[PDB]
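A.B. asks: My request is simple: use the sequences and hints to build the entire structure.
Take a look at the letters that make up each chain.
Protein chains: 6
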Amino acid sequence: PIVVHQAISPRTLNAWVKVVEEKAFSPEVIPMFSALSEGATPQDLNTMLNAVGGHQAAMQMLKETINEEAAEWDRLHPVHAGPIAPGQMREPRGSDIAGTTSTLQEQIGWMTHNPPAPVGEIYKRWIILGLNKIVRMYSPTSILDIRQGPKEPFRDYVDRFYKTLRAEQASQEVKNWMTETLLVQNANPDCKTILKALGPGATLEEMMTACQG
Amino acid sequence: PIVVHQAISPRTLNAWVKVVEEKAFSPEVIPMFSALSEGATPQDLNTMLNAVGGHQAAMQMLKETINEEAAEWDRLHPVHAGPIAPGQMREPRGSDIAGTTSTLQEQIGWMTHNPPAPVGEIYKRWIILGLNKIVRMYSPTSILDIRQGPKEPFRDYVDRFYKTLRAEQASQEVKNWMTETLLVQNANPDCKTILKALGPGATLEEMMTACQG
Amino acid sequence: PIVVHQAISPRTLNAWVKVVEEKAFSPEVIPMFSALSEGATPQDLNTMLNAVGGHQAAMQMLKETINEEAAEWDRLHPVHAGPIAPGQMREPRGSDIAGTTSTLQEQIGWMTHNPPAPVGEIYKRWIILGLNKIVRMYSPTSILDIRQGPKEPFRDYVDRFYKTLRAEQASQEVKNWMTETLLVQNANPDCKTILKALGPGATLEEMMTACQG
Amino acid sequence: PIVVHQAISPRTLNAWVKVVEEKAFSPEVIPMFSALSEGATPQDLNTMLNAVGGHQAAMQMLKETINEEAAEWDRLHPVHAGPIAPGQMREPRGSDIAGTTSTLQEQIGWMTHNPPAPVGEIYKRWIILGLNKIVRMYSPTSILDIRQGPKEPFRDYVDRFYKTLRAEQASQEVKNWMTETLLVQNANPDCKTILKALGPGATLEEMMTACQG
Amino acid sequence: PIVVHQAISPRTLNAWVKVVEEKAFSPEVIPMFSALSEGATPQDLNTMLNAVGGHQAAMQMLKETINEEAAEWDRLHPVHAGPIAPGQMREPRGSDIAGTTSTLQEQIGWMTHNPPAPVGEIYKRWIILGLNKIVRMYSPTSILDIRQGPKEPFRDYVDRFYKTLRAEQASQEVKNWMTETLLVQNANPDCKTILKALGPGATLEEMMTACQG
Amino acid sequence: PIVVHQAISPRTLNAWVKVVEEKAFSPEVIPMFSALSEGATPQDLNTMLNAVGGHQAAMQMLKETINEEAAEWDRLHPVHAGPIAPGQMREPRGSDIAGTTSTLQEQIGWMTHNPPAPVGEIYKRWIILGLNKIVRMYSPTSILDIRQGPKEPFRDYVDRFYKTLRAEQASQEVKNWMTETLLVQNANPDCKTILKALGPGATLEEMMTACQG
Ligand SMILES: [Cl-]
Ligand SMILES: [Cl-]
Ligand SMILES: [Cl-]
Ligand SMILES: [Cl-]
Ligand SMILES: [Cl-]
Ligand SMILES: [Cl-]
Ligand SMILES: [Cl-]
Ligand SMILES: [Cl-]
Ligand SMILES: [Cl-]
Ligand SMILES: [Cl-]
Ligand SMILES: [Cl-]
Ligand SMILES: [Cl-]
Ligand SMILES: [Cl-]
Ligand SMILES: [Cl-]
Ligand SMILES: [Cl-]
Ligand SMILES: [Cl-]
Ligand SMILES: [Cl-]
Ligand SMILES: [Cl-]
Ligand SMILES: [Cl-]
Ligand SMILES: [Cl-]
Ligand SMILES: [Cl-]
Ligand SMILES: [Cl-]
Ligand SMILES: [Cl-]
Ligand SMILES: [Cl-]
Ligand SMILES: [Cl-]
Ligand SMILES: [Cl-]
Ligand SMILES: [Cl-]
Ligand SMILES: [Cl-]
Ligand SMILES: [Cl-]
Ligand SMILES: [Cl-]
Ligand SMILES: [Cl-]
Ligand SMILES: [Cl-]
Ligand SMILES: [Cl-]
Ligand SMILES: [Cl-]
Ligand SMILES: [Cl-]
Ligand SMILES: [Cl-]
Ligand SMILES: [Cl-]
Ligand SMILES: [Cl-]
Ligand SMILES: [Cl-]
Ligand SMILES: [Cl-]
Ligand SMILES: [Cl-]
Ligand SMILES: [Cl-]
Ligand SMILES: [Cl-]
Ligand SMILES: [Cl-]
Ligand SMILES: [Cl-]
Ligand SMILES: [Cl-]
Ligand SMILES: [Cl-]
Ligand SMILES: [Cl-]
Ligand SMILES: [Cl-]
Ligand SMILES: [Cl-]
Ligand SMILES: [Cl-]
Ligand SMILES: [Cl-]
Ligand SMILES: [Cl-]
Ligand SMILES: [Cl-]
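Residue numbers (PDB author numbering), protein chains in the order written: chain U, 1 to 3, 11 to 220; chain E, 1 to 3, 11 to 220; chain D, 1 to 3, 11 to 220; chain X, 1 to 3, 11 to 220; chain R, 1 to 3, 11 to 220; chain Z, 1 to 3, 11 to 220.
Treat the hints as calculated values from the structure; they're not laboratory data. A couple of the hints might just be wrong.
Any copy will do: because identical chains look the same in the list, a pair fits if it lies in one copy or spans two.
What the hints assert, rightly or not - The list that follows gives simulated cross-link-like pairs (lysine-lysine, BS3-like), each with its CA atoms no further than 30 angstroms apart:
| no. | residue 1 | residue 2 |
| --- | --- | --- |
| 1 | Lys199 | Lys182 |
| 2 | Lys158 | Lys182 |
| 3 | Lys182 | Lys203 |
| 4 | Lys158 | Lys199 |
| 5 | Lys70 | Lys199 |
| 6 | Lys140 | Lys203 |
| 7 | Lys203 | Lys158 |
| 8 | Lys203 | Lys25 |
| 9 | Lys70 | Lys182 |
| 10 | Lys199 | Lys140 |
| 11 | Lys70 | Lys158 |
| 12 | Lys25 | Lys131 |
C.D. replies: Here is the structure:
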């Protein structure tokens with residue numbers, strides 16, 4: 001990464024590979040990825056993705072997404088040809104941002120320029136976009152099917168609900184609505200009755216303490 | 001964290024994730040969290056919370072608490088609109104402090120300003136507030152139910168008492184009173200008799216050495 | 001490596024040796040190698056290759072490849088004899104680049120000169136060239152033999168396809184064609200029918216969600 | 001710690024928690040604590056104590072001891088009220104030293120002042136005082152009960168003797184006397200006879216080599 | 001090591024001790040040794056050798072070799088007596104290079120002088136010379152006895168051949184000849200026939216792909 | 001240690024404690040100790056010794072030895088009383104060197120003075136002196152009892168011989184003589200005959216290759 012440049016740390020790299028081995032594509036993999044790639048160059052970012060053995064269906068989807076974002080980038084930032092002046096960098100293309108048509112030193116040039124052409128953070132955006140698609144698609148459950156069982160402690164139901172929620176394809180307002188409707192609606196008869204009695208203004212803290220017994 | 012800024016360390020992060028895997032929400036998780044987040048930016052803080060897979064009931068309660076503290080913040084610090092001058096930062100909102108409507112560079116701007124707008128320490132406060140609620144709620148036992156058994160070594164009873172005490176929803180003065188009343192009151196007849204004989208001025212050292220035999 | 012020079016880290020080195028123990032010569036070994044050798048001197052690079060115990064058939068092929076690239080280098084950069092002036096370095100030969108006829112201090116001299124004679128990155132190129140040959144040759148499967156099974160979840164077939172693809176001796180355009188033809192062509196009758204119905208413009212995301220059920 | 012200030016390291020912290028898990032309160036825990044807390048702020052010190060889950064009987068005794076030392080401190084250093092001048096720090100109270108009524112920045116202010124108000128080393132003193140009480144109290148054996156067995160190799164007896172000795176509540180002169188009297192006195196008849204014959208000027212080296220056979 | 012001087016790292020040291028525990032004296036131990044001792048002082052080097060428990064037959068041979076190289080050094084660099092001037096170092100003897108009659112500060116003096124008396128790299132040379140003798144002597148197999156078995160995959164034969172080759176006492180030209188003669192000559196009848204048909208100009212890549220089936 | 012001062016590293020410390028757990032007092036423990044204590048203050052040194060749980064017979068012998076060396080030090084360096092001038096340090100006593108009557112800052116004062124009063128290296132000397140006594144005394148075997156068995160590979164006999172040799176109480180010249188006499192003298196009849204035939208000028212390399220078959 002950049003803090011000029013240093014090599015991606017072996018411990019960071021192995022951390023990233025361990026995460027993908029164990030967790031597959033659970034939601035928490037994405038903040039984990041962001042943390043391990045803070046200040047990363049496109050090179051470092053490619054290193055991280057390429058280091059993954061297996062899950063090549065997902066890694067291929069991630070390439071396709073990256074190439075979409077690259078094409079969009081080109082479309083919005085059309086190249087202006089000419090001799091690049093002394094003390095200046097060329098305008099990065101879609102592929103320069105994703106690291107396949109740029110050198111490390113060009114990447115360092117962009118990231119440390121005044122003002123910066125922040126290509127790592129652009130590429131990280133695109134990567135995370137692709138990671139989000141995969142997480143969603145690889146989620147086994149649907150939020151509409153999370154139903155508290157007759158003798159299931161409320162806390163375990165809430166744990167399943169919000170896990171499934173975190174992997175859903177939905178904006179914040181749509182998630183807010185799933186909480187407004189489904190959580191209470193899909194509780195078991197006893198808890199459901201008690202939570203209806205608390206009203207629709209009640210906090211999760213309130214609801215959980217209410218169905219403790 | 002800030003010491011300007013560096014990436015949250017992979018070892019720090021994995022430390023934090025390991026703690027939540029093993030300890031769940033035992034009281035000691037909170038000082039552990041403070042230690043691993045010393046100098047953290049809101050981004051780093053979010054990284055740490057988001058890295059947690061599972062316990063999404065608790066992580067959701069923690070969001071709700073954070074949003075309460077954010078609303079309170081807004082209420083007390085009402086926004087003053089206008090063009091921000093050169094060499095100045097905008098006044099942070101509730102959501103800017105919690106990292107969802109601020110960039111990392113805005114966070115770095117606030118934390119390193121003269122005088123600092125110490126947004127990490129504010130957000131850490133709010134997080135720990137939420138962590139304290141969860142610990143309490145997830146405590147299995149009540150302090151009123153800790154009773155020394157007939158053949159239970161006094162030290163093991165004191166160990167259960169003060170563990171349960173540490174997870175209670177009570178100020179220092181209320182805790183002081185639980186010690187004043189319950190510890191001696193809920194000892195077994197033999198130890199109880201011996202500790203009554205020491206009087207109410209006796210130290211824990213004194214009490215433990217007294218019921219050693 | 002160079003960041011002047013420091014010793015290759017013991018953790019980096021053991022990382023590299025662990026990778027070759029576990030993964031043998033799976034495709035992901037090569038980005039792993041690049042990451043662990045960022046800024047490496049030819050010495051450091053030789054250290055990494057020499058540290059490998061076993062796989063001496065492959066390590067011998069890698070030597071042969073290195074010596075080919077060295078001979079090519081000599082051919083294109085013919086030596087110009089004469090006394091090297093003060094404040095100057097000799098032109099590196101093929102073997103100087105590969106570290107067998109150069110000292111560490113000569114390597115440091117080249118890598119830190121203005122402009123640099125970037126001998127580490129040249130030698131890394133040649134090494135990776137040799138690593139790519141070995142990966143291909145040591146691949147057990149051929150892309151033409153990857154056929155989805157009658158009850159095989161489409162995702163597992165796509166996982167086998169793109170794993171085998173990544174180890175193939177083929178340019179990007181030839182890979183693009185294997186995707187254009189073989190993926191859909193070698194699916195099982197049910198999925199094959201559904202993917203034919205999507206047409207040849209369909210994304211992998213689209214194709215996978217289509218054959219989910 | 002301070003070396011200005013950096014966060015307590017995650018490895019240091021986990022080291023400390025591991026020590027208390029494994030060793031409980033064996034004597035060697037205290038030098039271990041001193042090592043892991045070199046240059047610590049009161050905050051760092053509290054972090055270390057608070058990180059301990061379990062042993063809350065002992066952790067409570069340690070609080071009581073800390074509060075005693077704090078009260079003594081107040082008694083000897085009575086507060087002098089007034090506006091603190093520019094370029095000056097307030098006189099630390101007992102609780103400021105123990106970190107509960109001081110900020111980290113006040114602690115850093117004291118520890119880095121010219122001359123320093125060395126609050127970490129004061130609090131560490133008090134902590135170690137409390138740790139010493141606990142070790143003693145939690146020692147299972149008494150030095151008066153360590154008796155060499157009939158077929159016990161002298162070296163194993165000396166190992167038990169000096170282990171039990173290290174956990175005793177006794178000054179150096181009292182320990183010197185336990186060595187003068189008990190070691191030889193409580194040896195088995197054969198070794199006891201041989202060590203009486205060496206006289207009271209003999210070194211431990213001499214005594215051990217004497218009872219080797 | 002020197003990068011002035013720092014202590015040999017505990018991780019480096021334990022790395023070195025682990026290598027000798029596991030690998031004994033396989034060829035790869037020597038590049039491993041060079042890597043872990045980059046910039047080492049004679050002291051550091053002695054530390055590494057002395058840290059080895061066991062294999063004292065080999066460690067004794069290594070001493071004998073070191074003392075030979077030391078005697079040779081003395082012979083070629085005969086001592087010139089006299090008062091050493093201010094701003095000057097004495098000429099190092101054989102034993103000064105090997106660290107037994109020099110202080111660390113004398114070693115640092117030599118290694119950092121302008122021009123350097125590079126005593127670490129001299130002693131490392133001598134050590135590696137001794138390590139090479141041991142590897143050879145401790146090799147179980149002879150290159151003349153490596154014969155492909157009737158149903159042995161060619162790749163496994165080539166793996167045994169080049170492993171045994173790497174431990175041989177032979178210059179490059181002699182190794183080149185063992186490849187020219189023995190590899191093909193000692194293949195099984197089927198592979199042997201196919202490799203004879205490729206001719207004596209064929210690469211290892213070519214030969215291995217030829218005997219794949 | 002000093003490189011001014013930093014805290015002994017947790018990894019160094021745990022390294023040292025692990026060594027004493029596993030190896031007990033095998034000869035290699037002493038170079039291990041020197042490595043882990045390079046640049047150590049007396050405080051750091053005491054930390055390392057005090058961190059050892061168990062082996063208190065040996066740790067007590069080590070104290071006795073330290074106190075002997077301290078008394079000798081006092082004897083040779085008799086204290087000269089008077090007011091210590093500005094810009095000066097008091098002359099260290101035996102106990103100041105061993106860290107029990109000196110502060111860390113006094114130790115840092117001595118070690119960094121121009122010229123240095125190198126108290127760490129003095130105390131390390133004394134410690135290693137004591138460690139050497141213990142190793143010798145705790146050695147199970149005597150060099151006079153190492154006899155090659157009738158079917159024992161010569162290399163294993165040489166391994167036992169030089170291990171036992173390394174733990175002996177003997178100068179270099181006395182060790183040289185044990186090699187001159189005992190090694191060949193205590194070989195089995197077959198090897199003994201062959202080594203007599205090589206003569207008394209033969210190297211260990213020569214002797215081992217001679218008794219290979
Ligand atoms: Cl690392
Ligand atoms: Cl994987
Ligand atoms: Cl998955
Ligand atoms: Cl790749
Ligand atoms: Cl796969
Ligand atoms: Cl450019
Ligand atoms: Cl942008
Ligand atoms: Cl479900
Ligand atoms: Cl409802
Ligand atoms: Cl790290
Ligand atoms: Cl978890
Ligand atoms: Cl829980
Ligand atoms: Cl997230
Ligand atoms: Cl869960
Ligand atoms: Cl702003
Ligand atoms: Cl505030
Ligand atoms: Cl209970
Ligand atoms: Cl009562
Ligand atoms: Cl390292
Ligand atoms: Cl291997
Ligand atoms: Cl393989
Ligand atoms: Cl090699
Ligand atoms: Cl092999
Ligand atoms: Cl040159
Ligand atoms: Cl080039
Ligand atoms: Cl297949
Ligand atoms: Cl088709
Ligand atoms: Cl760390
Ligand atoms: Cl514990
Ligand atoms: Cl205990
Ligand atoms: Cl706490
Ligand atoms: Cl407990
Ligand atoms: Cl103040
Ligand atoms: Cl004080
Ligand atoms: Cl006992
Ligand atoms: Cl007696
Ligand atoms: Cl380390
Ligand atoms: Cl070993
Ligand atoms: Cl061996
Ligand atoms: Cl040694
Ligand atoms: Cl051995
Ligand atoms: Cl000199
Ligand atoms: Cl030389
Ligand atoms: Cl063989
Ligand atoms: Cl032939
Ligand atoms: Cl560390
Ligand atoms: Cl131990
Ligand atoms: Cl032992
Ligand atoms: Cl101690
Ligand atoms: Cl013991
Ligand atoms: Cl002084
Ligand atoms: Cl001295
Ligand atoms: Cl024996
Ligand atoms: Cl003889």
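A.B. asks: Of the numbered hints stated earlier in the document, which are not met by this structure?
C.D. replies: Those not satisfied come down to hint 8.
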